[PDB]
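Build out the structure end to end from the sequences listed, making use of the hints.
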Amino acid sequence: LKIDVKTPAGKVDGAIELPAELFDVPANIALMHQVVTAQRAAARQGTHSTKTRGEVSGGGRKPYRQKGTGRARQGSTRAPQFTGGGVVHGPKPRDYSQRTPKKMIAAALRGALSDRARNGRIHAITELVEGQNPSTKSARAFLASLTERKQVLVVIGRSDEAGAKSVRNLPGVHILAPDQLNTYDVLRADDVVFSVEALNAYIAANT
Amino acid sequence: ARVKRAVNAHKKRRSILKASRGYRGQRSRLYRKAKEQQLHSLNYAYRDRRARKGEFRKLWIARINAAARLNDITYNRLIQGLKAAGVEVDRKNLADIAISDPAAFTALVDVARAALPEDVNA
Amino acid sequence: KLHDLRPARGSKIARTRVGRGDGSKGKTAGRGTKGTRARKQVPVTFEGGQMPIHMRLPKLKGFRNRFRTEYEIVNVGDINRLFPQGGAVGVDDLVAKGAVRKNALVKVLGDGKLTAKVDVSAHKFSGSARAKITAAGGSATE
Amino acid sequence: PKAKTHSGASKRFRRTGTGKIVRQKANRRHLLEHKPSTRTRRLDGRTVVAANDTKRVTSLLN
RNA sequence: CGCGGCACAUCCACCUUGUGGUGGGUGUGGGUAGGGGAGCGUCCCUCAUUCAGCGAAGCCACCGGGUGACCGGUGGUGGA
RNA sequence: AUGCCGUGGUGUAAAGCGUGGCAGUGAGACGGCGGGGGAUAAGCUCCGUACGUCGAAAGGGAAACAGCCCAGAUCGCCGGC
RNA sequence: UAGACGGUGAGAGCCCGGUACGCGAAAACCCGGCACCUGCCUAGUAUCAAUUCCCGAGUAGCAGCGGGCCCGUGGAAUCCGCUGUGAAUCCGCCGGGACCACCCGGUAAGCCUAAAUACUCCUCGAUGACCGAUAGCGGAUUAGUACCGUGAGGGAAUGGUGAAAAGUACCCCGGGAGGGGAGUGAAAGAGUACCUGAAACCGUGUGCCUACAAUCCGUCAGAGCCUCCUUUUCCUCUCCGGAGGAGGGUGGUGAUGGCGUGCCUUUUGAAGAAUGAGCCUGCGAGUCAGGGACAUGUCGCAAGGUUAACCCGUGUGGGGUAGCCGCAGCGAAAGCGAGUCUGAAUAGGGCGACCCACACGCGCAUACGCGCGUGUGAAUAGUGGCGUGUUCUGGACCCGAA
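These protein sequence lines map, in sequence, to chains P, U, C and V. Residue numbering for the first sequence follows the working numbering, beginning at 1 and increasing consecutively. Residue numbering for the second sequence follows the working numbering, beginning at 1 and increasing consecutively. Residue numbering for the third sequence follows the working numbering, beginning at 1 and increasing consecutively. Residue numbering for the fourth sequence follows the working numbering, beginning at 1 and increasing consecutively.
What the hints contain is simulated information worked out from the structure, not anything from laboratory work. All C-beta atoms in this analysis are idealised placements derived from N, C-alpha and C, irrespective of residue type, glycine included.
So these bits of chain C aren't anywhere near chain V, every CB distance computed over 12 Å:
no.: 1; residue: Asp22
no.: 2; residue: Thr33
no.: 3; residue: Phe67
no.: 4; residue: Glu70
no.: 5; residue: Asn75
If you want a taste of the chain C side facing chain V, the calculated C-beta under 10 Å gives, among others:
no.: 6; residue: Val44
no.: 7; residue: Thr45
no.: 8; residue: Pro52
no.: 9; residue: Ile53
no.: 10; residue: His54
no.: 11; residue: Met55
no.: 12; residue: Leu57
no.: 13; residue: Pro58
no.: 14; residue: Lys59
no.: 15; residue: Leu60
no.: 16; residue: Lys61
In structure tokens:
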């Protein structure tokens, strides 16, 4: 509710109290389930194509007449049951996205983050740079010296000087801007790291 | 997502065939012909175990009758007498006694004869 | 986390796959016949050949006025509980409270004892609404 | 892509403010000399749909 | 009828006493079309975890297990 | 005579009613009992029974036997009546 | 600022080609900029009397026959086309759903007009809860080929050695192919016909039954042998083994008895002499889009709910209030409202509002409740998404006609 981490290459600074949105929420696993599966549904490209009768070349001829041949009533040379035939009830290239209520999305997100606050997994850091240029090595020492976990979510913002360059090439580390803070990354990652600006922007947008 | 439905089917094929072993001709070689036989065989086992129980009663009765006739008494009056005596002894072990100890069978016959009343009137 | 994330109990009903053996649903599966229903769906309209109810019954009498300006209906009891202090009632205020459809003309019903002495800046009041408004001590407008 | 309402049903049935549908009776448009006022009063008015076809009618309207 | 093992309703006394379950009683359990309920299994994505060239998959034989769909172990072939 | 409607008790486990969801059936057969059609006919056809069985019911019996007699299989038992 | 993929003898950040990122175009092309060149104007703007002309002609409009617009000649406007006739230039003409007076609007029969929108032969870079050789385009391999057809047209099958060919030197049988021995090789149980190598099928060796005996070719009883094996008489050879055997128990075989009329479909009804299947492997038949509809279960909210298109951005999140359903319904409609309609009125009737174990103020009542308000804390609901079942239009469970 009211805790702050240390500062890189320093001592301690900040001390920002977290609002109720990140603590007083009874997160519901069914809600988070539905929202997460919506995200996985959106992640699909829907490229699963096939070929049905009519796209298969030819097949309009009706060989093997119905008298004096002793063969089955063929009727077409590209029917499903034939080698090289069409696919019946195939995976047509669907294009979909499980549209959900915005209140469900927000409630699930603040629920997950509030659970992280309950377990002390929020590391609202201040920055990560050697002044202006990136240093992945120093990023490794910082993140692996304060968090000591595999999967980490990093929220910086629109700062590309030492934002999504120092944290890159760190297996398990993903990065995003506050506006795109989804839930799947939050549930996958444990020690969720925020910048001061990440907290100000998130809180301001979310009252 | 093509799944290649071979494996799942093979579990059935190899199970049914390894159980069907010993059947003659196109019974222990062909899945679809073996399958028929397992249905008929197991329906047969289902009724045959029960019939077996009845059959064993028939055999036991025949043997008891044979020994009883050797002691000059019928099965009818033998069982009637044993019931009057309260000798709740099954036909399995009674038929066993007929072989293991014929003298004990004779003793049971004397008990039944004594227990029987007098005649066929009531 | 995701490995502890579960669906709600009672939801996620399994899809009853139809043509997958006799123990699952059946060979004919619902369509346990040989007639039309087995092969295709008969239109719900068709009764059999006799005149369906759609032609058997007479045509609904009358017509529909194209120039019918429908008014939204405001419950004076809702006014009573919504604005217990009165003061002033605007249409923008009522829709701001969500008591009536946006961008529409309104009418006032009298079903409910009105105690709030408040003038209503709106349209088309009923005679009983005037009875209740003047009972409270207000004034009707249009 | 989008449902259709049977136009005859929309022109013959009238839904009420609740879960009820009524049918206009009008077997009185051809010959009205032999029919008594008793019979024409039985036909006059509007009658709720009998419960023996509402599961069909509601799908016909919707 | 008797003696044991499964199951479905109802009931008795309980544990989170209509969510969900424990001990016990009674009755019930042939069944196609058809309704409903509860499950096994092949493949695939993801998360946690993990055996794995000191030998996986697939396949074969054997021995075992589950009320069933089916599952495991051992040994051999093979080599990711 | 049976049978039907209703009523007051006794008895009964779910059988009933209403409102909804989803289907099947919409070709029946035989026997017994009342009929009619027919020839005082038929393993003929058409009717009724809250009469049954098969259909959808294995088993025992009728030598063999879907419809007749007895009887409604949860599973096991080298136990009985 | 490189943990994207792939390759290399097996699963590689650090071995390699590469990626991140930064450089990089003589010449040509495209784009953009600059100069030249090209090209327009010695004003009609403003106030005014309103004598005169003009504002697109065989056109408009009319009539007839047709088309099409929700509009099926119908009361049938607007628009287009054909055929005859045939006006006017501002006090004008046409339209505003037959039509007419009034009113608002714009001035036809002449031309041009990029963006927003649609599409992908082809060429880039990337993706994939897409396929892995009977799938994917028909075509991974001499593929629109071989081949069929007068021809238009129709239209196949064949993938995999091993890390490296290191493709078995040499010898021996044999005419050769082929095989064996040697040898390379981790392995030939990877030899060009080859990764893994199932089944049908063929065949051999061997344990067991069978030539006086009928039965969906089984099941249950069930002797005797075979094989595995415990205890044991016993061999005393015992620091070994257990030989052969009684008895007991697995895995085979099975003498002989009992019982017993293939499977599926369709049928009032089947073992079938009703149909169908030669066998094995593989392929294959109730699925999906939609802010669809109905019902139901769970999950968000709570008289509200919810956003579609669309904008920003990097994963699909944040915004977007136009709209929808609900909220008050009745009536042909006007209309009015808890009433409303028919109706002279409704006394009645169609439709919808309002359920107490009960107190306080109040009329009635022996007791029990009718009614106006606050609660003794009295009775209640829709909307959206994901699922399930059904249903509608979509090839609609699949295959099949003439």
